[PDB]
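Enquirer: Chain by chain, the residues run as shown.
4 protein chains.
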Amino acid sequence: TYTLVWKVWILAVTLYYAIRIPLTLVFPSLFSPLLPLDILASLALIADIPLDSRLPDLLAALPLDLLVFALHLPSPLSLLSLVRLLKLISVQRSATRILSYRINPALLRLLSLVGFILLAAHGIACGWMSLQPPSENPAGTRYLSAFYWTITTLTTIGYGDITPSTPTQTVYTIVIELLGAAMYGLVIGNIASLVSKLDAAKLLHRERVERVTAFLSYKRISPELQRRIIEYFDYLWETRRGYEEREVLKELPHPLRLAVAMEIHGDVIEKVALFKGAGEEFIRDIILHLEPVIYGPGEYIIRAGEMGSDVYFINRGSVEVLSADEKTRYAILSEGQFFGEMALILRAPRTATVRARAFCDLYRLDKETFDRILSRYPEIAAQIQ
Amino acid sequence: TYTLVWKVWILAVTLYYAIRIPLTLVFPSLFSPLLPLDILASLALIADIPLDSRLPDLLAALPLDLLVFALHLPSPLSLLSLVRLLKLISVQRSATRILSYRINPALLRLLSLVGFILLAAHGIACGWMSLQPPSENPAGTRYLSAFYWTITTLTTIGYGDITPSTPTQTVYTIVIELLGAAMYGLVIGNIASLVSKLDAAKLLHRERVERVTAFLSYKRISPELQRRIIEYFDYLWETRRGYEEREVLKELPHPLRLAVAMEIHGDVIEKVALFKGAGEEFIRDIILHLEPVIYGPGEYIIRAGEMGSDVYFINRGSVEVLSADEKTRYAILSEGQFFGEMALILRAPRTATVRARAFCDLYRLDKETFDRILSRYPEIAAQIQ
Amino acid sequence: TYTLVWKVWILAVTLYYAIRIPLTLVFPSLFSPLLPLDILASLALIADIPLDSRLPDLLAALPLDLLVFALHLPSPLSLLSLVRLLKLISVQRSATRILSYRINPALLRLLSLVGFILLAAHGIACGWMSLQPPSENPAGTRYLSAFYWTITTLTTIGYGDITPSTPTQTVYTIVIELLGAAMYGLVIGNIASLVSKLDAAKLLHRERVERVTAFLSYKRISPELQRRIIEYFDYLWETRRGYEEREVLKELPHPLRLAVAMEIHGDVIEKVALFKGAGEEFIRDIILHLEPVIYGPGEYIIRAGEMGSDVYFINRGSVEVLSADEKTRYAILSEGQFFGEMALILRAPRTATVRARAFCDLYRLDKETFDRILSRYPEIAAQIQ
Amino acid sequence: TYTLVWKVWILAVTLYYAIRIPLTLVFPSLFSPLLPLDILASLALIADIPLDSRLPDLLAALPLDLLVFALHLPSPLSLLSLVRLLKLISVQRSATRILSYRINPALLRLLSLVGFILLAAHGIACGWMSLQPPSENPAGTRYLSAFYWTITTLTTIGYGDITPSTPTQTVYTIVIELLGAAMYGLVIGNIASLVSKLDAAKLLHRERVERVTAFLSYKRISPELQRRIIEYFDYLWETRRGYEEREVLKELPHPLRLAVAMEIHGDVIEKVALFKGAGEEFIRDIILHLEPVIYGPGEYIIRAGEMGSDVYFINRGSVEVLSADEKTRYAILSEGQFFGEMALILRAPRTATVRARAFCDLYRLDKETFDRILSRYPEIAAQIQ
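Residue numbers (the UniProt record's numbering), protein chains in the order written: chain L, 10 to 61, 80 to 412; chain B, 10 to 61, 80 to 412; chain A, 10 to 61, 80 to 412; chain F, 10 to 61, 80 to 412.
Simulated from the structure, these hints should not be mistaken for lab results. Some clues are possibly wrong.
Identical copies carry no separate label here, and so any pair may be met within one copy or between two of them.
[Said to hold, decoys possible] In the DSSO-like style, the derived pairs of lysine-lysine whose C-alpha atoms are separated by at most 30 Å in a straight line are: (1) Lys229 x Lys394; (2) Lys277 x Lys394; (3) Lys394 x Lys246; (4) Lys303 x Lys277.
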């Protein structure tokens, strides 16, 4: 955190140079009661790289001012003292990586781009004020006029209240018209890309659901089941934000996928009265094999007397347990609990009727994987007997 | 439907405030013969949330006007009485969800965005009329001039007939030039996204078919078969709008996929003289196993004397039945009917020649799935004997 | 082809109305020596639909002019005689389908959109000329001025040389500023979509290859093999335009896929001295089982003395045949010919060394499919013995 | 490299014509002390095609000037001497292919498009200067004014300081307004496509990882494992730039995939004390079967006493070797080395505990492939005994 404070100090240093250097090139009446901050900030820029694509620090290192002021270089040649301002590309690419995951990275790119567009419109406005006719005017009313002019130019508005006069003004205006049109086109392109990728789980997710509403409106379905389907999609949004568990953690390797599934279902694979005291690898295998299913409120998951193969573990929702006639209530289950256990070791029919109560988010276990990783574990085969 | 009328009442209330508040900030000669609608609408905004991301109703609740009018707050400080207008973000996000599936959701987003762009251009025009030089002018000719100015600014047109005069006008014009350029760029980006996703089944579908026309034009094929292929693609558009049945209902879970297939093929799985009186689960299994195939008009589906494995159920088109010499016509089948039934229980060759008549949309049944879910059903094994 | 001439006649009729109706609404001095073409074109529009989403022909049918001219309807009410011009939407959707595959359909959409944008800018310019102050001016210099104005407006340029004067001009200018901004945004969105999907096999294909050049540049590979790989990608472009045979004809049904593969490899499955005299279905099965492989110039496909399983059929390139010591040349094969035939019936090792000569595009046959569809064909088992 | 110098000479020749021909059409006072470069450059254009979609060289070949100057052709008919400038399309499509892989091809398309947009804005400006009123003005102040005008037009800015005057100027301005709007829309579309495809491995890769951060932020995971996962994604970026080895070289054919894998893992498949002296084909088979796995720093790959099946070859990272009690350190392995060798020939349990040390990038070998291609190699079965 002392290099985070160092990055903050370096950003303040390069900001100071970005605000000062074009202001003392236009106004050479400055820089004289402000050289000490030039010395301190230059030492900061030359001492940052030991505490950290290479020529920005080297070009920022050399004293490109003080030469203008001791040798009185003319107007088109003094301007190379802005070479220190190439360092801002390096500080940009560093600040775009030092804090790239506390917040969204696209909002980071948009704020860095808006910063660069204002800070280059500043330099272009500074160039315009440099090649202006000399006249008495407050350097504020000449910042407001230069900035007003270069926004009239950058925003493709065009009042025409201030126009080029000399040919070398007309050439400077032509060239900054091309760069202004390029930069403003870049601004429109980056904003349309930043707002194109601004909603991802809710956009694609919505599209998916939508792809199913204009269809279920195509089949002319009754509105009760269609609203129930829509409330299903509302549930899976308002629980996992549209994302599928097995397609988020399919872009991971096997050890990392194992660690993520154990961390996600840690006190879940422990919710059970069944996997406690089991082996560590066994738990991983189980997780590497947990399958989620979702029952809406009131759905029949299991009817007592069916064939039945697989065991069910409740994770999030509730459920109720009914007898074979679905008249006598055995119990009512909730998250963390489990049913279908009398189907794995035995080819018996269902012993209780299982109606959903709310949306469930419940895990199921297939028979082949369970009896494969149960034959080799004796202690859970006794935990289940 | 009394909360749909409540949402309509709340939208009318927030619209009234959105039209009134900036009109009484600019013209303080109003609000005096119109306070009663302020009281009624404020009670509506403070009583809506009990009949329903939280600070909009709280900021809308407090009397931010009446303070301007009793204490005569100055021009840059009275303007905080527009804080009630942050409620419109909440009403926007509520009205974008209460009626999101009667119509397309993208047309909904486009209408909400156009509404927000006009209603913010209204506020910016109101700000311009606020910081204008005071002069005698009808408040209509000052709405037409303020709205004409702020559309000249928002539409990057730029006549230059009305320009800033004071420096604080030039700063206000600069800042609303940046916001106008941002909002107009946002308008172009959202319109290009709304018309990019405006045609989906006909765009992607067309592309797919196209990907096959520039290819079949690449192989230099005769036009008769290529037109027949194109009329095939015309048929599958003009029947199911390009969508594949099994990739629309593959984004559903198993119980929902079962319910949708039973609802789609309900009086289809009943069209048969074969699945009536069958089991409920059996029907589901059958559906969970129905496979669609499409024969164009005149195609040979079955020639009598072939080997033959699988049974065919007609769903939509017609077909004709010919004898083994394809000389003596047995019958002619239509939708709902079926052929190939003398191939599942027996390894006999075809008993009739089956020529298509129109485009068919016909269902077929593989042998392994059929004999697997037929061995365990005795009554359909007698229905088929 | 007499309905193609009818569509051409109808397009000429609706074009004539689209050029005439707004020209006689602005200039009522016309229409009097030109009623006969109105009668003929109206009969054409009312007789087209018998030789062919329904209300365009009905609204085009009724005499909405002649009422303006006999009853002298005022300026805001006469304008409903433009209702005939809604027919152009129907003619657009008909002409966008009658010739949708002689040329690309996207170039068709772009030309129809540019046509609609000019033809609506014509109507808006006509509206501007309608609500102009009456003054003496040639109707050409008033078309050039109205069209110049409405392009200055539609192209977000904004000279400001002609501006609204009356309030009802300012409202008309405001409303056509909103529509002009909407239409010009639509133009930018459709052009960016038309040029986004303009290159498909060469864009995606290039990307695929590229995804392999920045990688093979990542592994720091020697340039000879990388250039050979790139010339491989150049070959598969400059032969089949990037498209994979089995992913173009995987979006087809089985009978259509069989017909396309037989048509593609017709005198290919006949190139052989092996499938001639074979069964018709057998040929289809063979095709339904032909597998393409591509050997670059000089590659070793088979070395004599290897194990060898599968037979190879040359389709496009050349190859050479060497002895087991790769010293004595047996022969040299070309397209249409075949090797590896002494590996299917027998588990013998290679009998000749097969070096590629150019890029090959050669077909191979696996052993299980070949011996499965060879056991049931006796005549080819003798053709191969 | 003498045809690379020939392409450079031809580009210089066609550039000279592209700068000269519209300059001598506007100013006919030129061309007289500059005919020799016309003769030399015309000979270069007519002699290029022997040292190299056909009509550009033929249209460039004929003397379309000298006719203007000997017969004094009038203003709308002399202009066909610009027909030589169609050759630039051929030189464009040639220069877009002669150096398409030293640098990115998209940067090439962007530079060619910017070149074509400036070089056509030059011709349109030349047309404007052609149809101007004749007046005394330096041909520089008339290039700055014509170029300033045609950028005011091309950039949708619109000062309105110079406007059409005659009707044939208004028609020329209208037509170049349509082309300017089309070209500027094309510029915005190509820039948004060039910056849309500008980041591919880092964009898609980032998205993939992101698709896993907003999810692992969804499961509310502890930050230590999530940061470790993120540093995993940082490692696989900062090693292979996001690309998967087996999906880069899956778009290759089998001989090319074999050559690339042997070139990538050449002194890798030789790093081993195991595949040296093995067969050439065997090595290829091994490579055609090498599988990469990645262990983070500190992960347990193998615990001594586990079952164990497969052998591991270290490629990049480090690892350490521990005894069965994980108390006594056997050794510590690094890249190029290998473990798990006492699991292939034997069904013994692990003999040493293998903890990762850094991120590994290590290769593993499954048992079935290894014992399949080991049964048929006797010498490596002795190298491993």
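Enquirer: If a hint holds in the structure, say so; if it doesn't, say that too.
Expert: Taking the hints in turn, this is what the structure says about them:
1. For the identical chains of this complex, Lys229 and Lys394 are neighbours neither inside a copy (35 Å) nor across copies (42 Å), given an alpha-carbon limit of 30 Å.
2. In this homomeric assembly, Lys277 and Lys394 come within 30 Å of each other (Cα to Cα) both inside a single copy, at 23 Å, and across copies, at 23 Å.
3. For a Cα distance limit of 30 Å, the shortest separation of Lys394 from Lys246 across copies, 28 Å, qualifies, whereas the shortest one inside one copy, 36 Å, does not.
4. Taking the closest pair of Cα atoms, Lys303 and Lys277 come within 30 Å of each other only inside a single copy of the chain (27 Å); across copies the shortest separation is 36 Å, beyond that limit.
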